[PDB]
Structures are given as C-alpha cells and as structure tokens.
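Novice: Spelled out from the first residue to the last, the chains are:
Number of protein chains: 2
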Amino acid sequence: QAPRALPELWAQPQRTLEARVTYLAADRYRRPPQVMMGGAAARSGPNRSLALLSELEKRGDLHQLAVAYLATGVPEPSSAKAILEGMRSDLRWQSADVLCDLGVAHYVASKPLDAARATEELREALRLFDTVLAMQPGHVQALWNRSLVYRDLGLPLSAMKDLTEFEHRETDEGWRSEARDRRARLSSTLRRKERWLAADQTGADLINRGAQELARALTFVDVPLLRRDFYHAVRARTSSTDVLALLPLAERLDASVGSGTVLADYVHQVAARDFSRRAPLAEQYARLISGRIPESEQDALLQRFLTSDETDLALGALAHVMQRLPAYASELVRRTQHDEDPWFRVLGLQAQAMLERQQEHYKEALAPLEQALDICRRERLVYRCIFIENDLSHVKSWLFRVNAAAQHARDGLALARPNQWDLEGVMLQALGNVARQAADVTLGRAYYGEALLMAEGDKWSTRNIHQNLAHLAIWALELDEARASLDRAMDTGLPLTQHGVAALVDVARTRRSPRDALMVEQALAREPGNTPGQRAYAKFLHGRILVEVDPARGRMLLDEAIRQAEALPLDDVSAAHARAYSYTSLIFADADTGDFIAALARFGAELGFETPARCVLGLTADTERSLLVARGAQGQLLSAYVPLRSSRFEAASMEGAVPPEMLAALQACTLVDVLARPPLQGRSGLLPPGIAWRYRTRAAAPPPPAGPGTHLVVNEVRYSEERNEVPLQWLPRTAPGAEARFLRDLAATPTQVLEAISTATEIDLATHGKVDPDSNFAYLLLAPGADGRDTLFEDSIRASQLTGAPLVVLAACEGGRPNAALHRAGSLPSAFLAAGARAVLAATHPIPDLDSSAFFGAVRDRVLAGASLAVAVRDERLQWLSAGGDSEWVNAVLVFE
Amino acid sequence: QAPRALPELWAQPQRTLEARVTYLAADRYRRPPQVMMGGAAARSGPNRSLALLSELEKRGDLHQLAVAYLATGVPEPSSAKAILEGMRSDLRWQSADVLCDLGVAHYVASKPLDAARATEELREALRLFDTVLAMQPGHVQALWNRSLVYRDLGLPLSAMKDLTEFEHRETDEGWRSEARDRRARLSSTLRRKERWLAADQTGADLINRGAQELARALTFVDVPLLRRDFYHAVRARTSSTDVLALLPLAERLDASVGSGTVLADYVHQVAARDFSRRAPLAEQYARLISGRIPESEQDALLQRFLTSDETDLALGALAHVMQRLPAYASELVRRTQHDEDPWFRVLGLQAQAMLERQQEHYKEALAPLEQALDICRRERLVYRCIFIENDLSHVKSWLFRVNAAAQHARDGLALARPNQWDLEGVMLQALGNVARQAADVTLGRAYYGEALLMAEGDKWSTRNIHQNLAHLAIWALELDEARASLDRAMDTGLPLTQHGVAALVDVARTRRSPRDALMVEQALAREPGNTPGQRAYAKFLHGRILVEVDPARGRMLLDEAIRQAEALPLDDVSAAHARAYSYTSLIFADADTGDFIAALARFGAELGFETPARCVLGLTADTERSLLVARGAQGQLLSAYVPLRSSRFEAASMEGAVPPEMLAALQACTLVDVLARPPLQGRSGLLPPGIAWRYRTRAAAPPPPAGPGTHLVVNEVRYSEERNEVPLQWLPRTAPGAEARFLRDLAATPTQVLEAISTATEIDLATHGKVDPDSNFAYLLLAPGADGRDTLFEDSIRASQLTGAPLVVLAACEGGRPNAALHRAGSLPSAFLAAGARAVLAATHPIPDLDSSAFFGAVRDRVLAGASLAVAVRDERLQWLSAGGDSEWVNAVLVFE
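Protein chains in written order, with my numbering: chain C, 1 to 897; chain W, 1 to 897.
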C-alpha cells in the first residue's frame, strides 16, 4: 500500500512541538504550541492508537511512524530515535530529512533533561543539524531547529542569524511570520548590548570630564565597569575640587557593593595630596589611559610615575602597560601585596597568576587565582571576578581538568551576562576553549561563533576566535575551513600568535598561501618564548613550516629543536611537545621523500633504542597523513603512506589499518614488535588474532627478580555505594614455591594496594581501571579507605617503584589510547611498566563471566613453561576462540613490554 | 483466544530494567541489565514489533501489552500508563498487580526527567507501591520496586529495610541472591555513620585531653564538626603550652577552608592571657561542656564567665546554655555582633533569628537568616551553614513558602551528606516538615521514616519524628496510624510538645487513651506560650481536649480562648488560629449533642453578625467530621452531620456535599446565603445553577456612592515577554451618564490600577488573577511598570481603600479554591471585599473568547434593573445554559457579598 498521510494524527489546529519535522503532512503551518511552565496540555488528539501505528508500520511508512512518535501525543523521542537510526541506512528516504528528524528527536529528548544531561542531547542535535545544512544549505527545517537548539544552548545571536537565513529561504507565509515573531522576541538581547555601550560611553566621558557626567553616571552603578571607570576618572583629575566633585558617585557605587567603605576614603586620600606635583602627572596619566601616548614614550612616562609619591598613578600605569611589557607585571605584584583596596589586591594576584603562567607554571598559578576569587566572593566586585574566573578556566583547561574549567567558565558567564557584554563574550570564548580542549568540535564552534557575533568590530577577540576556529577545523580535518578561518584571522590587521602559528604550520603544508611564511616569521619573532621549552617549541614551529619548502633547513631546525628539547626535564610540557612533534615531522618528511628506512630509524631513535632489524611495525598519524612502515621476517621493508587522509583514526579498533600485503609479510614472524607513536598507542585490533605481537616501549625490561616472589591478587573488592561496579573474582596460578598475598573486600584500600604492589613479583589486579572524567587521569578503583578515597591514580603508581619486576595483569581496564589526547598517553599499563614492571598485559573489555581468571592463569602457566609473553598470549587467544569463548573480550587483550 | 505469553519478547538472557513487573513470563530471573551512563545499549533484538503488540491487544492480553511497553525494548511508560489506567477499572486483573505495574511505569518515566520533575514521578510510584503493600503486605515485586524508589530518592536505609523484608518474603533463589547483592552494595552508607562516629569521638577526646589526640584529629579535617570541636578544645585547655600545642590543627583545618587565617590568630590570643585566672575558668568551662554541672548550678558559672576578662569562654558558655535559657540569647547576640570570626557572627545571627522566631515574628527572622546564609556560603564553613539552611527552611515553611523551604532543605542536606550523620538526619527531618506543610503525605512519610531509621537511639529526634508522623497520618485521615505514632512518641519517655498536643487533641476525640489528658496538661504546662496569641492557642488546645470528656468545662475554656484571641490584632497568626479552631470545635460540639440551632448561631457569630433566620446554608469540616446545616424558606432547620469522614473535601468542585433533601428544601428560596467556613470558602459547584446563591462574609455591604460613577475597565493588558498570557478584550456596559475610564496596553500598570480602583464605583478587571507559586499570594497580572514589577498583590489591594464601593468583576481568577490552606484564605475576591467593594463576582475558569464581556454586561444590566446580584447572576446563568453556552465556565462564576 502507498504511504498516504493519515489525517487523524495531524488534524489538530495547534502544533504539539516547537520544532519542525520533515514529513509533509506534519509540516504545515499550525499555530505554535502553548508555552507552559509546570506541565503540558492535552497534546494528543487520537493520542497514539496501537492499531494506527501498527497500520503505519505494516504499510511501510516508517518516516510517518517516527514523525508520529515525535510530533503528536506525548513525545517519545527514544522510539523515534530507534526508527530513524534504522532508516539511516535506507535509500527510500532523503538523507537530509532523516538526519533532520533524528536531530529533532535528540532536541526533543533534551527538554525534560537537566542542564548537565541536556547539553549532550543538544550537542547531538546540533551535530545533526550542522550535517544537514552542510549537505543542504537551504534546509528550512534544519534552520528552524538549529535556531531552537542555539536558543536552548544560551546563544541568542546565533539563533537570530539562523532565523534571518530562514526568512531568506522559506516560502510559506505562516512559517515566515512565526520566524519573524521569534526573531523579534530574541532581539531583546541587543538591548543589553545597547545598555553596555551606553555605560561604556558614560564611563569614558566621566573619565574625560570629571563630575560633569555624574548625573548620567549614577544611573549605571549596577554595571560592573563603572568602578574601573571611576578609578580612571579619579586618577585623571588635575584639581582637588574636581576630585571632591566625584564623592557622591564614590559613595553611591560603594554602598551598593557593601556596607563597608573603601572608595570615599580613596577620594579623600587623593584630595589631601598636594596637587602641585599631581596635576602635570594627572594630565599625563589621562593621556596614557586614553592611548594618545606613543609606545616609545610610555616607558619614560611609566618610570616618571614610579619615581613619585603617588602610588595610585603608578598602579594605573602598571595595569595599563603590563600587557605589552610583562616585565612590569613584577612591579605591579610587588606594589599591591598589602593594598587596602581589594580591587588592586585581586589585580595583583591576577598579575602573579599571569607571571606564573608565562613560565609554563600553570600548576603553581592556581593558588593566587583561588585567593583572588575568594577576595572577589567576599567583596562583591564583579569586574575583576569575571577575569579571575576566565584565568582559572584557562589554567584548569590547560591542565586538562575540563570539568572544573567548564564550571569556572559557566560561573564567569553567569556573572557577566546581565550587564557586561564584552566580558560575557570573553567567557563564551573561554567555554569554547574548554570545548576545544575536550575535542568537542560542534559545541566549541557554537560557542566561538556566538562570541564572534558578540565581538563584532573588535580586532583582537576576532583574531583569537578565528585562530581557535582554525584549530577546531584542523581537528575535524576541514582543512579548507581552517584555511578560510586563518585568512579571516589575518585579515584583521593583527599578527597571529603561537596558537595561530601552530594552526598555520599545520595548514600551510597542503594549502600554502604567499604570506604564510612571512606571517609565521613575524609571529615567532614577536613571541620567541620565555622558557627554554617555549624556545624549542618556536624552533620546531619554524622547522615545521620550512620543512615543506626547504627540506635541508627544515630538517636542521627540527634536529636542533630535538637537541634543545632533550636537555630539559621530562616534566616540561613544551619541551616534550616540541620533541615529539619534531620527530613526527621528520618521519613524515622522510616518508614523503620516499626514504622509509630513515622513518624506521626515527621510530627507534625517539624511544632511545635502535629499532629491531626484523619483525617490527611502526605507525603514526598527525593531521591528514598516516604512515605504517614495517619489516618482515626476512627483513624486507614495506610501507603504507597515506599522504592525504580523510578521517582520523577512531572507533578504538584500528581494523584494516594494515594493508593485506603488510599483513602477509608480518604473518611469517615469530613475534611482532609494534612501535606505535602516540596517539596510536594502546589501540586494539591492530593485527589479526593469529599473529603474536606486543607494544614495545623500552629498550629492555628490568631483570627478573632473584628468589621466590609473592603473588598478589586484588579481587572481590568491596566498592562504595556510588561506584556501582560489580566485584570480580580471581583464582591465582602462583609460581612454584610462591605466596598468594590476598587483598579482598574492604582490605583492598588504595594505601594497602600501594604498599603491596611495591613488593609483589606477580600482580593480578582484578579491579576496574577507569579514567577520571575531570582530570583525565587513569586510576585503579579500590575499596574506600580511612580517608574515604577509593582510587589509586596512575601518578602514584609512576612514583612508586616495583622491586620485584612483576608481570602485571589488568582485567577490566580502560587504558591506553581511549581518551582523546595527543599531548601524553595517560594509561595504567604505561604507568605500571614505567614503575618497574617487566611486562603488562591488560584486557580492555568487561570480564567474560569470571573466566578472566582461567585465561590469565593459563597464560601465566604458559610463560612459566618458557614461551615468550607474545606467543603465549597468541596461543591462549587461539585456544579461547577455538573453544567457543567470547571474541570481543579476548581480541582486546593487549600485551605491553 | 486465551492470553498466552509471547516467547520472543522475553527470550533475551539479560533483563532490560532493574524494576520488577508482575507478569509471570516477564518476572523470572534474568541477570540484571548492564549499567550504562550516557546511552542505552541494544535493549532488545529487533525492538518491539508493532504487529505482535497489535496482536496482543486484539487477543485481550492487555497486561502483557503494558508489561511489554515497560520491560522490553525501549521503554514507553506513557502507553503502559494508559493501558494500566484502563485496566484499573477491570475485575479480570488483580488490583495489586495492576497498581504495581503502574508504579513501575511511573518509576521508569522518572529516569529521563531532571530531579525537580523526577521527584513527582517518584512520589507517584512511591504512593502506588505504598498502596500495594498496604493492601498486600507480602508483595515481593512491590517491595523490590519500593526499595528501588527509596534508593532513587536518596534514602538508602529505607531501601535496605525493604530489601530485608523482601529477602524475608521471597522464594525464588535468583531474586533473593540479587536482593542480597543490592543490599550489600547499599549497606556501604553505614561506613559514613562509622566515620562520623569516629570523628565525633575524636573531637570529644581532643576537647577532653588536649593535643594528645592531634595526630588522630588531623585526619578528620574534612568533617564539618571538627572546627566546633577545635573551638571547644582551645577554650578547654588550662595551660598556655597546651593552647599553643593546638596550632598545627588550627592551621591545617583553616587552610582547607580558605587562604585567610582566623584560627591561628585565635590560638595566639588564647596563648597570651594570664592563665593564673584562666585555669579555674578553663576547668569550669570543660565541666560545663561535658554537662556534669547541674542546671541549678549553670547560672552562677555563666554569670562568672560574663563578669570575667575572658570573652571566648563566655561565648562558648552562652552558646551552650542559650538553648534551655533563651533569655541568654540576647546577651550572646550582643556579645558577637561585630565578631571577627565568621563562625561566631553566623552564630549570633542564628541566635537573633531564633529570638525573632520565639515571638512569632517569622517574617522578621528572615533578614538575619539570609545574612547568615550569605556569610556561611562566602566563608565556606559547613557546620554553621547547615543549621542556617535548616532554620531558613523552617521559617519559609512556616510562611508557606514551601518551594523555597524545600530548596533550602535540599541544599542543607547536600552540605551535610558526605561526612555529617546527625546533621543530615536533621536535614531529612526538615525535608519531611516541608513536605508536611505542603500536605504531601507520601514524601513526608518517606523522609521522616528515613530520618527515624538514621536517628536510632536518639530520644529527642525520635519523639519529634513520631509527632510529625502523627500529624501526617492525621492529614491523610489514618487516625489509627496517628494514634500508633503518638503512642510511639510517648513511649520514648519524653513529654509531648505543643505539636504533639495538637496532634493528640485531633486524635483523642475518637481514640482517647488513659494518659492523654495528663500528657496534654504536662506538655501545656511546659510550653504555655510566649506571646499572648500562643497562650490563647494553648488555652484552645486544653479546651479542645477537655470538651469531649467534660463538655461544660471544655466549652468554658473554648469561650475563654476565643475571648483572649479577640483582644489581639487580626494579624496575630496564633490568635487567629485559636479563635477559628475554637469556633470550629464549638460548632461540632453543638452538632455532636444534636443542638443544630447553636451550630448556626456560631456560624453567624464568628463573622460578627446574627445568622439569617431563613434561606441560609453553613458548612464546615475539621478532620474526620463534616457539618452542613441550613434553613429552608419556611424557616425549617435541616442538618447533615457526618461524624466520621473517609476523605477530605477535594476535586475543587463540591458536588454531592448537599444532600438531596436539603437541596430540595433550599430550591424554594429566592436566594441562599452561604456561610462557608475555611477551607471550604470559595469552592464552586456547591449548589446547582438553578439556585441563586452567594457567599456572605460581612454583616452588611458598604453604602452605595452618590452621583454618577467612573466605570473603570482594565482590558487588553500588554503583559511582559516572559508571562506568556493572552490579553483579554472587554466591552463595558457603563451605567447611564457614567464615565468609561480605560486602562489598556502599557497604561495598565500596577500603580495606575491601584490608583484607579480607589475611586471607581464600577470595575471590570479583564486581566489574569493568579496565585504566586512561591509565596501563595494571589495577584493581578498587569502591564510592567517603570520598576519592572507587573503584579498587584492582594496585600496592596487589601491595604487600599475603595471609596466608591464598586461592584468588582474579576474575570480569570485562579487559586484559593484548589489550594489546601486552612490557616487563612489568600484570595483576590476577599481582598477586594475587605478593601471596600460592595460585591465581587469572579469567574474561576479561563474566559471563553470575549463572551465573558457579554455575560457580565448582562449581569450589570439586570442588577441595574433592580434585581439583586445573586438572582441576576442565576437568571443570566440559566439563559447562558439554554443558549448553548459553555457550562463548565459558567458554573465557575461565584458571587461574593
């Protein structure tokens, strides 16, 4: 039967859902649903008759079935999601319509949710609508629904933009009228922008005209920037009478903040000082604040300020000049350590934090920020507080504490939203940066587009936003969009920073522009790098851009960058990044030239040992280039270079990465050493189960211990009430004449396990190894202790030293690659191997009905016989699969050595 | 065809939902579902085939159809809810199984929604499971599901109790094993109790022994009570060296709170005083804290502390003693008004709020509480801030701001959960109190039962919890449970309080016990009352308990309570309660003995006028009794006394309350004056549309004005953007030679309307009258003013004085009728009548598309003709019903006079 429309479902005169579905019968102008706060109305007509839906499904009208699950009766987005995911792989429906309906289902599911959980559904819906409008720019339903999604995310300007484009593209008069009404309602946002602009102009006029602008100024007391403008206005007066004329404003905006007074006292203090010395300095300070003073004269003017008795003018000059010349931040820090005004104490703590960050000491930059935030919350002065929250979010994001960074960004945005416009745009930029750190392209792009709409006219925020958008495009491999956004960033008349330089050197390889090299030269000249690690990173950036045009000079620059990075401690983040990225660039430059022996040489050299002559596999991927080079048993060399990729390695299973010829060559090897450079380390499914292999990461394992050891089993752990994990059981296979030190139930605390692992020569951690959602640090889940903690983070394991060189077995492990990170491989197996373990093999799947004990006991017996670990695990894998055992779990058991 | 199960639906080896459904084929042990956070896995093989569901519906297997909607595939709780609500009225299915399945559907529907909306669904599921276990105590599925519901509400101990009973009652081995595993996982919340007990003992040891326990006490820095215990320990040291020895703990637990040091400084101060005089006082303070000092001895030591040079000791002693002697709270507030330590500032604000509360100034007690909440949140001290949240919740609940009170209780519970045990039990008691105030029996009982399980051994919290449970049982008309819980409260050995005495006088009327009278006498001797209103209330309670046994003395006591209450301002809450409740008790004591003339005499005398001698109806209902007494046209007296009720007057439409005999007697009256005592005032549907009736609340209407009036109309109001209300249009019928003052669009500002109504002799308010969800005050929704306020609350209207004595017409009036408020009627018509309006007729239903204008204009014309308001409205109602007009809305027009 033909799939005709069923009038009973779509007979009502009022729509049931705000979103637009793509079905023709359900997409015709019906007046919008009544907006309620507390409960919906009788959304149903014929609600959903099981006979009705059964007729629809039997006839084959799957699209109308999903649209009926969404747009009539009480919405059931999960059933519609199931049906639309089913239809996704069908050719009877337009893919744009199916993806739009799936996005509508995701959006509908988001409304009942709470913000933390509704954000995920909004992200999914936004991704679907972005796909729809990418493969059909004039999709009216996608524009409507994306405007709704943007409005729900808190981005009114993007919603208004979508509604404007919709009015451009729509033809129905009723839909266009409703879109006009919605855009007019959303345009109440611009009132805040106009009020902020009025407050800005009032503050500037107050600065330039003393108390003549007072009568207007008292009306903007609630706007945070007026305190800063009042400071600048007081510091700029050339007479005592004018300073006294600002006392009413000081008292008014001081009593609004709190009961105590710290500003009228300041006006009295400034008035008492003899103005015969102050007036020629006050005028110069006003000129400096207004920016008329040339850059060369600023140093001399600042010195003249510093060599007087007026500390407030020096404070103002230091605040205004510290950005260009961070050497003046130290003086600002020193001059306001014990300031009576909390505003300047917060400013000095912010300067301390910035000075700490400039040395890559982000970990030590948190305490001044926390103290300044406390002084904030106590004193109730919003302007400095938004900046403190922004700096805290940046610091935590750089430390990969994306949850806390996002929380700080949200707090700053909530602080800035009612009255501050530029500062809430800055907080949206902070949210976009946090999203970029977590590799969230859709949400990061949404936040950065909203901040770009808010920052129109500004030539600095525009450049920063476009640089970050280029980075987001690079991550998603839209290199054309990365090129376009970098061009937009450079078209503001400002030079790129090291962020833009990184994006450009990543993009200039395939889409070079005539001005790229000169811009990189200028930007690296202006930002050479404070620390030796930053200097090595800048050297790497220059080498990376030059390696595609002048291979000799680029190779020399990358080699000297590696040399510089090799002389610094491994805790140096910039040095490690410079070294790893220089090695990757050298490897891919050798691969491009056709020299694949050099690539394997670099593979070996990076880890500190010459690569094996046979039975070795090395793989890498940087942005859009993937290299797999290997040597067979006979020593023949085969390579698989993909110069122009299309999608980054994903799915946590790299099936099909190795070409069949390389597979055939490798199948003739006793065991294969895989030298997987990050982020391709720890992945499973790289080789078929018939091949014995191992992840090699060290030149040689620590020597085996002397004397019988003490086998350790951490099983049947009693987890806390919130963990909601099932305890696992283990039957050890202790070596002949050994001991079985059991840590079971409440005894398996982090402290007891930490002290136990330092002595055991055989460790079988039958616990769950997880990665912290916030800190992105892998930890072992154990029983709660005296402190209440129930975790053993990998940092403690790395610090701890295992004397017995144990062969650690990790069941139910979430380690290796899985989390999206190229900076550093934070994994439990790597931590255990570094701590002193001779070999680690970890299963990366939930345990298969307590049979992990038998599998790993058989492996332990096999290695006790004399077989190597790789061949032993291969034999156990083959016997497991041939005996009807589960395949997904056994194929996920990885061997590290 | 017989309803046979479908094997395909239940053939999966893994269960889909944690809950247990009652269908036999779907209730057999399948291993529990995998716990996924973020996305549901493949819950079924193909997903529910709609053809098989339609087959099930055709064959009549409705139970399996609902169970399939819930327990296989993607859950659709709405369809299952519809099917089970259909099956409720069918005798083919067991009622217990149907209600258990409906509760499971509500529980499943609660998983998507956020906490605020998931709480409603969990309440519905909990109510259904409570019903099932009330009519079938051994229902294993209900026990399992109620354990799940308790776990989801954050009540682990109740969940463990339910699982224990389940394991006592279940026979299947797999289900018993899974219940054992779930209870073992839940029993981890007792580790928190053990750690809190350890922290309490460590703090007591630190107080009693000094720094000898510092090594142990350093591990409990995160537990909130340690700061209070540290203060006590520092104050309890008799030597300077011992005081100095506590500095490590001070610095450690002070750095955790924040950067600033306020406890190291305290240690330094206590380390410099002359200990030759401090030592005896330090010892005395230690004894006072330990409680060894008798009550008759505490006053002398407190005076000694107050007269000494030591102020911290005085603060500690005053805080210890102020509970039993509230007269010392003023001294504490005075001595800590400007304290440097935020802890003692919050303590002083709390004591000030308590002093305000003790005089029934609950509104005036919010400012110190809000200030203390601000301080506790800013300075990050948790112990004091939990108490501040508890006091705020109590104060807001007393003012019937149940939403804010619930929010404060939730915040305090979240603060007190991880480490504090007794304080989190107190917060659970606060949540139960907020639920009790909102007439929420199920959630109140859940919270109070959890708080009772947590407070085992305590004899104070146990008594308070049992008194509140008695009140909750009284509200739900389970007088058996109220009696049992009052007996349980008295069995602890402590005397009842005025709360328990109120519950007892409500219970002892029908289930008197030998010790009730003596218990009431003792409790009212311990708490006679501070304010005169509280003394009047205590007199009322004594009279109400003594009126059933000794009618003469009880009647005298009730009359004296009314006399005392009538000498106090009408704003006195306790005096108003005493007067109203004493009048209700007198009415029902006269109706108890058959004297129904005295009942109507009291009906008249309560409002200040002699009751009408004919065509009058009066109705009341207190707990389980309901009296309807009326007089016919001939003056004959009829009565409908229900000595034992089973359900309170609900559904907001009192149909069937008037027996047919009394209805027939009243049908022969020109108009019926209804004297409905609260909470029965303002209810619609009391009498059929054929009877002309009105609500008489005054002795006589205000006199009419002289000269033509200014007919004021407020129509087509331009509400703000976020109100989302449809403006209403009005066509007035201004009296001959009467002005038509219009207030339209933005001219209908609350100030403008308040000014206008004070002179108009005819008012037609064509706006929306709603009750605030937060404060429960009825207000008029008007256009936004200069200040942004778009509300005219009933307090402003009552305060105003209407000089023209208008006939106010109030279309779209909501609230007052459905609310469960017996304390006082907060309603717009009452406010307008008290302001001076001669008559108010308000529609209590949404207006039917500007036909209300025609209705009320015809009513105004009819009353202008000469007929009274009641008969005119009756005639126009009859014409409206005979012309095909809507009956539901026309029946909702009530006439107040």
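Just so you know, the hints here were simulated from the structure itself, not pulled from any lab data.
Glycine included, each C-beta is placed from N, C-alpha and C at the ideal position.
Treat the hints loosely; a few may be bogus.
Reference listing, derived: stretches of chain W covered by chain C, where coverage requires no fewer than 3 residues with Cβ under 8 Å from a Cβ of chain C [unchecked claim]:
no., region
1, 108–116
2, 188–198
3, 329–338
Novice: Could you run down the list of hints and mark each one as holding or not?
Specialist: Cross-check of the supplied hints:
With 4 residues having a Cβ less than 8 Å from any Cβ of chain C, the region 108–116 of chain W passes the three-residue criterion, so the hint holds. Look at the region 188–198 of chain W against chain C: 4 of its residues bring a Cβ nearer than 8 Å to a Cβ of that chain, three or more, so the hint holds. Taking a C-beta to C-beta cut-off of 8 Å, the region 329–338 of chain W contributes 0 residues in contact with chain C, too few for the three needed, and the coverage statement is violated.
The structure fails hint 3 only (numbered hints given earlier).
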